[PDB]
Each structure stands twice: as structure tokens, then as C-alpha cells.
Amino acid sequence: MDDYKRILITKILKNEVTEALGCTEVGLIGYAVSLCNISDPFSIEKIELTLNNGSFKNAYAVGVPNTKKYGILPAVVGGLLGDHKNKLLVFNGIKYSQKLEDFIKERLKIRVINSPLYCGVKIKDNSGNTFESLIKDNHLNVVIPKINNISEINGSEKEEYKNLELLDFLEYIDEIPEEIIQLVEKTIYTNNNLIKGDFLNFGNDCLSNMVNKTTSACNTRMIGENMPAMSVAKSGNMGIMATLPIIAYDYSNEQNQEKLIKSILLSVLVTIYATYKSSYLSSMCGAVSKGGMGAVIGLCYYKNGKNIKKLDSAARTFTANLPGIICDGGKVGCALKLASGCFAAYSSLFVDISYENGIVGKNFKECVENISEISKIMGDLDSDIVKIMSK
Amino acid sequence: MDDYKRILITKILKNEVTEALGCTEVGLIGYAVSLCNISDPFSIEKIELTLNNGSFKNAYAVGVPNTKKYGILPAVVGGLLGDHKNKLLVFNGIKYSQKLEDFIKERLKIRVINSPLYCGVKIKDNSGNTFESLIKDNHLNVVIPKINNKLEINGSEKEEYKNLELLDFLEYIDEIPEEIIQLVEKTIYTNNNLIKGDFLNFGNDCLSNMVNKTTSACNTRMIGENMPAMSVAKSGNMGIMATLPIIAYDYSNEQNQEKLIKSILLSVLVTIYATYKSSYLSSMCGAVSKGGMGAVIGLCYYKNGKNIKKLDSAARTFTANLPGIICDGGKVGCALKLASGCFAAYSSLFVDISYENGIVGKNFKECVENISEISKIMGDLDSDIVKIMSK
Ligand code: SF4
Ligand code: SF4
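Going down the list, the protein sequences come from chains A and B.
In terms of the deposited numbering, the first sequence is residues 1 to 149, 152 to 393.
In terms of the deposited numbering, the second sequence is residues 1 to 151, 154 to 393.
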């Protein structure tokens with residue numbers, strides 16, 4: 001309808017919807033290690049990787065791409081075996097060497113700190129030369145190798163998007179640009195390609211299929227497969243949680259192409275909105291919360307159409323069900339949490355919760371605001387989580 | 001099994017498994033208001049009710065018995081229309097007056113504080129007379145007009163229970179005392195009687211029945227029905243979460259009486275164990291976590307018997323799945339959380355999660371310890387929750 005709204009929404013959709021190969025933390029580690037640019041990885045005497053609590057937590061037991069392994073050492077080995085030009089896709093075209101893994105295991109000294117995103121590599125060789133590199137802050141800004149390159155959008159556009167209402171999103175999915183239609187279809191393609199086998203199929207009903215497909219894709223992403231995931235705000239698990247429940251609901255129901263496209267577009271819009279509103283860092287599972295808000299809004303739009311009260315009731319029930327949940331790092335178990343998210347969405351399509359019930363917001367906007375504020379209230383827990391995992 | 005162990009377990013089961021009549025918070029409010037003993041409720045100029053964060057949270061939007069209403073204002077009206085001699089049962093035999101509700105709404109000024117259980121009523125009338133009442137610490141201890149009440155099992159027995167292992171519980175459910183069998187049967191009867199209709203039934207399969215029955219009983223308990231619930235550690239919703247999933251699994255499967263008895267007994271033992279180990283207060287949903295640990299251990303004992311690795315895998319998957327959910331007070335939405343708990347239990351019976359996946363413990367005891375530690379780390383946080391709910 002309005003022109004500026006369509007332009008802003010299109011630009012932000014083109015900005016936030018990317019292709020992420022596995023977890024951004026292991027990619028970060030490999031990219032920093034390749035930014036050190038070691039000429040001979042077998043001439044290394046000591047490697048000193050420094051991470052913050054969140055990075056160490058997320059990368060402790062997540063699958064490293066093209067290594068068939070888990071942990072931070074495979075990411076460091078892949079960075080040694082990678083090229084900086086691939087940036088976050090550092091693990092492309094590599095040939096994993098178990099010999100180099102055994103070589104670096106004796107020399108990789110990892111040290112954790114309490115701070116925002118921090119990734120500092122300091123490598124020494126046999127000759128004595130030292131090579132340092134550092135990536136800092138939430139935006140992936142390299143401060144030592146100085147290699148200009152992620153996914154930046156100025157604050158004015160973010161503030162203008164935060165001031166949009168759900169009716170703007172409902173009117174956008176009726177006037178979808180063709181480029182955005184292809185982007186949504188590419189999203190569906192990328193996230194559906196992540197379905198590899200059965201992980202949690204306990205029936206043939208709709209919720210069973212939703213849980214099964216979502217957990218299968220999450221397990222595929224967590225075991226270190228060389229397959230990208232269509233991520234919103236560089237969080238692939240959030241994109242999985244936002245898309246696959248709707249994909250499996252549509253697969254179990256009408257099998258409508260345009261309808262699934264519109265529902266997933268609305269889900270991505272809602273997920274981007276919830277990510278913007280949750281401005282502060284948090285140890286709460288942002289994937290489950292945000293991607294599930296997007297998924298439940300998309301499922302409610304699929305079930306009831308452009309019904310405002312239905313969407314508000316779905317948001318209220320989702321806020322009542324599963325708000326506040328730990329983010330104990332990238333793991334194979336993360337899939338389970340997303341499974342719960344599926345539940346949290348499905349059960350919200352059949353129950354209405356009054357606004358008085360606890361932290362439930364008055365409508366969708368207040369639900370998102372309350373979830374974001376609670377995420378802010380939970381505060382920094384990554385220090386205690388990393389202290390737990392060290393035992 | 002050892003004799004002292006059996007005696008301790010029997011004593012702790014008889015102590016912790018009680019019968020709780022509805023929600024205690026609205027009873028507290030009504031009793032404090034009725035202790036003022038207002039002769040004419042329509043001669044009131046202003047009421048000043050003071051609660052602490054926890055009390056305000058739990059009583060903000062919970063159903064008041066015999067009022068057909070929700071919130072703190074209905075509790076205040078029922079206390080004005082009740083007699084102090086009824087103590088926590090102030091709402092018995094009353095006839096709710098909407099006129100008095102509309103009168104008191106204009107004059108009830110509620111103020112929240114940071115302290116243990118605190119309920120102070122200060123009413124003024126047209127003549128100028130003032131009436132004060134105050135309840136502090138435990139529920140039954142009113143300090144104004146000075147009717148002291150001191151709050154069963156010494157700490158040594160709790161510590162001895164903390165040092166028990168899951169094998170002790172598995173051996174206890176084979177030599178059950180007859181009194182304990184009667185207690186389990188009364189528990190099953192009481193908690194199954196709370197099922198009034200369908201609240202979240204989206205099928206006739208096992209998980210559908212589990213979620214449906216659990217949510218139905220929780221909704222019955224939350225709307226203010228005059229029906230007692232068999233509570234573990236005075237938390238009726240925790241007892242529901244611990245018992246009803248197993249009841250509905252047995253209902254949908256083998257229909258075995260003794261097997262269900264043993265499974266629910268093990269669930270209650272596990273729930274008491276998790277409550278004892280989580281000694282510090284927390285705003286995390288203790289009902290879901292503890293009762294669901296009990297429920298998943300009971301379901302795994304029902305499915306696989308006295309298999310240690312099966313129980314360890316179920317506990318690990320439960321710990322990976324749904325830890326750290328908010329406890330935003332007693333509400334109709336609480337049922338949803340318990341529904342999620344059902345999910346978290348069922349999905350743990352078919353998946354194994356490695357201990358490396360985040361906060362997952364090496365076995366059952368380590369899982370409980372990590373969950374308790376995270377609960378302790380989350381702290382109080384009730385002040386921020388009530389600040390959110392105040393809008
Ligand atoms: S728990 Fe959620 S937010 Fe945390 S790593 Fe797993 S998917 Fe991401
Ligand atoms: S949110 Fe959880 S802990 Fe709080 S009252 Fe409801 S069931 Fe109990």
C-alpha cells in the first residue's frame with residue numbers, strides 16, 4: 001500500500017535473509033585463524049585463541065563444517081587449512097587432515113573471557129615470528145587484520163522498522179515484489195534441503211511432522227554438514243525454527259504454494275521484528291523465542307487468514323507457553339528446544355490466553371516487547387554456563 | 001534395601017505429599033482483608049493492600065474460588081464479604097456482589113514491595129476510623145491483630163535424602179509399604195478427578211491424551227474450583243506435572259495398575275529429590291522442571307523398567323530440552339507450560355543426548371545438580387516481573 005513501507009521492508013528482507021554455513025562462531029574462529037595466514041601449519045609452535053563466554057559456549061560442541069568433527073580445534077584446523085577470502089565460508093574446498101588436528105591439539109591453548117563477541121588468535125612458528133588477528137563487537141568488525149567486508155544496516159532504518167505494525171506486514175504479503183518472492187522460495191529451498199532422515203518422528207499427525215522435520219534440519223545443521231541454511235540475522239537455527247514448522251504444517255494440510263510463501267514471508271517479517279525489538283544481548287534462547295513467534299504468526303495466518311484477533315491470541319498463548327529458556331550453546335540438543343518451539347506454536351492455534359496471565363502482552367506488539375524485556379532481565383549467564391561446561 | 005533408608009523415604013513421602021485446596025495467595029489476601037472485620041464494606045473510603053513481589057505475582061491473575069472472577073480485586077472483595085474465622089477459607093459460602101466490586105475498584109490502591117510473604121491491609125472508612133491487618137513470613141502467621149503462627155522435618159533428614167541415589171528409589175518401589183500404596187492411589191484419584199473437559203486435545207494419541215488431561219486438570223485448579231489437588235512440596239501444579247503425564251501414558255498404553263503406581267511413586271521421589279537439591283529460591287518455573295524430571299523418570303521406568311542407561315538418557319534429553327522457563331505466577335496459562343513439560347518428557351523416551359551438549363549432566367544426579375545450579379543463578383528477579391505485570 002504505502003510506498004516507503006514497501007521499500008523499507010524489501011531492503012530489510014534483502015539485508016537480513018542470508019545463507020549461513022553452520023554456526024557463526026566456528027566460522028568466526030576459522031576466519032580469524034585463516035586471517036593469521038600461516039604459510040605452513042605444521043611449523044606452528046603455539047596457538048593462543050581467546051574467546052568470550054558466549055563464543056566458547058556456542059562453539060564448544062557444535063559440528064564444524066567439512067571436518068566431520070565437533071569443537072573448537074576442528075574450526076582452528078579448518079582456518080589453518082582455509083583462505084581468508086572465503087570469510088565466514090572458510091571451510092569451503094578444504095581437505096581435513098587428522099595429522100594436522102593431532103599436531104594442533106598439543107599446541108592450541110584456549111582462554112575464555114567475560115565480554116561481548118571477541119575472537120583473538122595469536123600464533124607463533126618455529127622461526128619465532130608471531131601473527132595476531134582479532135574480531136570484535138557484535139558486528140563482525142576485524143580490528144587487527146583490517147580486512148574490510152557483516153550485513154550492516156544503519157540505525158535509522160532499524161528504528162523505522164521497529165515502528166511498523168503487524169498490519170503493515172499483513173499488507174506487504176499481499177503486494178510481494180518478485181525478487182522477494184524468489185528470495186522466499188530460495189529460503190524454502192535451502193531450509194528444506196536440510197531435512198536428512200528422521201530425528202524425532204513419533205507419529206504421522208501434523209505436529210509429529212512439524213517436530214520431525216524441524217529436528218531433522220537442526221540436527222543436520224548441528225552435526226557439521228556442508229550445507230548452508232537460510233538464516234535471518236545470521237542465526238541459522240532461528241531461520242529453521244521460523245520456516246520449517248510452517249513448511250511441515252503446509253505439507254500436512256493444503257500443500258498450497260502461494261499460501262506457504264506468504265506465511266513464511268510473514269514469519270520472516272515477524273522474526274526480523276522480534277530480533278530488532280530484542281536489542282540487548284541475552285543468554286536466553288533467541289532462536290526458540292523469536293523464530294517461534296515468527297512461526298506461530300505464520301501458522302496463524304495460514305489457519306485463519308488476515309484475522310487480527312486470531313494472530314493476537316496466538317501471540318498471547320505463545321508468550322504464555324514457552325518464554326524464557328536457556329541458550330547453552332550450539333549443540334545437537336538444540337534441535338530438542340526447537341521441537342518444543344513447534345509445540346509452543348501448534349498449541350497456540352487452539353487456545354486463547356487472557357492478557358492478565360503473567361507476562362502475556364496485550365497484543366502481538368506487547369508480547370514481543372515483554373519477551374524482549376524479559377530477555378534483557380535474564381542478563382548475562384554465559385559465564386556461569388561456561389563454568390558449568392568446564393567440568 | 002537398607003531399613004533406615006526405607007524409613008526415611010516413607011517419612012519424607014508422607015510429609016511432602018499433601019492435599020492442597022486451590023491457590024493459597026488469594027486466600028491469604030482475603031484472610032488479611034477479612035481480619036479487618038469491616039461491618040459495612042460500602043462505608044470504605046480507601047484500601048491500601050501491600051504485597052511482596054512473589055505474592056503479587058502469584059495472585060495477580062489467578063482464579064478466586066466462589067467468585068467467578070480473576071485477580072486481586074476479587075480476592076479483596078471476597079475478604080470484605082468473608083469472616084476472619086474462616087482463615088484461608090475466607091471465600092467459602094460467599095455470594096459475589098458486582099456492586100461491591102465496582103465500589104472497591106475505585107478505592108483499592110495496591111503497592112508492591114521486596115520482601116518474603118507480606119500482606120498488609122490498611123482500610124479507612126467515612127467516619128475516620130482505621131483498620132489494619134498484617135500477615136508476614138509463613139501463610140498462617142498474622143502479626144496484626146497479633147496471632148502468631150510458627151512454621154516438620156529436620157535438615158539432617160533432608161540432607162540424608164539428598165545423598166540418596168536413583169537405585170535407592172528403584173529398590174524402594176519394589177518393597178512399597180501399604181500406607182505408601184494407599185497414598186499413591188489417593189494421589190492418582192485426587193489428581194485424575196481434576197480433569198474437567200478438554201483444554202488442549204488435538205488428537206486421540208498418547209501425547210494428545212497426556213497434554214489434554216494435564217492441561218484440563220491444571221485449568222481446573224487455576225480457575226478457582228473447590229477441589230483439592232495432591233501437591234508435592236505444597237505445589238499442586240508440580241504434583242500435577244509429576245503424576246498426570248504418567249497417568250495418561252498408562253491410560254493410552256497397558257492400563258497396568260501396579261505399574262502406574264510404581265511409576266508415579268518413582269516420579270514423586272524424583273520430584274522431591276529435585277526440590278531438595280534446588281534449595282535456593284528462583285523465579286524459574288520449579289513446577290515444570292522438577293515435576294517433569296519426575297515425570298520423565300517415571301515414564302522411562304514404565305517404558306524400559308529398571309534400566310539405568312535408559313533413565314540417564316531420558317534425564318539428559320530432558321535437561322537438554324526445556325530448562326529455564328519463567329514462573330510468572332499462578333495463571334490459566336500455567337497449564338500450557340505443563341503441556342510443554344509433557345512434551346519434554348515424551349520426547350526424552352526416544353532420543354539420547356550426549357553430556358557434551360551444553361548443560362546436560364553425565365547422569366541423572368548431575369542433570370538435577372546442573373538444573374538446580376542454574377535455578378540458583380537465576381535468582382529472585384520477581385521485582386522486574388511484577389514491574390512488567392504492573393502495566
Ligand atoms: S539454544 Fe537456541 S539460541 Fe541457543 S544455540 Fe541452540 S538454537 Fe541457538
Ligand atoms: S509458572 Fe510454573 S512455577 Fe509458576 S505457578 Fe505456574 S506452574 Fe507453578
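Don't take each hint at face value.
Listed next, the in silico DSBU-like pairs over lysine-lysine satisfying Cα-Cα at most 30 Å (straight line) [stated by the list, open to error]:
#1 A:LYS389 x B:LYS367
#2 B:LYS68 x A:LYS393
#3 B:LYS308 x A:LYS109
#4 A:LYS311 x B:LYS69
#5 A:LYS389 x B:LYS68
#6 A:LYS393 x B:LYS312
#7 B:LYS109 x A:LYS367
#8 B:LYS99 x A:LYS364
#9 A:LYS279 x B:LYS99
#10 B:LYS109 x A:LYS393
#11 A:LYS312 x B:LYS109
None of these hints come from the bench; they were simulated from the model.
Each hint, compared with the structure:
1. Restraint check: the Cα-Cα separation between A:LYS389 and B:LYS367 comes to about 18 Å, which is no more than 30 Å; the hinted pair holds.
2. For the suggested pair B:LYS68 and A:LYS393, the alpha carbons sit about 52 Å apart, so the restraint of at most 30 Å is broken.
3. Between B:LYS308 and A:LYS109 the CA atoms are separated by roughly 43 Å; this puts the pair beyond 30 Å, and the hint is violated.
4. Distance restraint check for A:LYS311 and B:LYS69: the Cα-Cα separation of roughly 23 Å lies within the 30 Å cut-off, and the hinted pair is therefore satisfied.
5. With a CA separation close to 49 Å, the supplied pair A:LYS389 and B:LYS68 exceeds the 30 Å bound.
6. For the given pair, A:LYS393 sits about 23 Å from B:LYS312 by alpha-carbon distance, which is consistent with the 30 Å threshold.
7. Between B:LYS109 and A:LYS367 the alpha-carbon distance is near 28 Å, which keeps this suggested pair within the 30 Å criterion.
8. A C-alpha spacing of about 27 Å is found between B:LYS99 and A:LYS364, which places the hinted pair at or below 30 Å, so the restraint holds.
9. The suggested pairing of A:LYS279 with B:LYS99 is violated, with an alpha-carbon distance near 42 Å, which exceeds 30 Å.
10. Taking the CA atoms of B:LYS109 and A:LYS393, the gap is about 50 Å. The hint is violated against a cut of 30 Å.
11. With a CA separation close to 34 Å, the supplied pair A:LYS312 and B:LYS109 exceeds the 30 Å bound.
In the structure shown, a violation is registered for the earlier hints numbered 2, 3, 5, 9, 10, 11, in ascending order.
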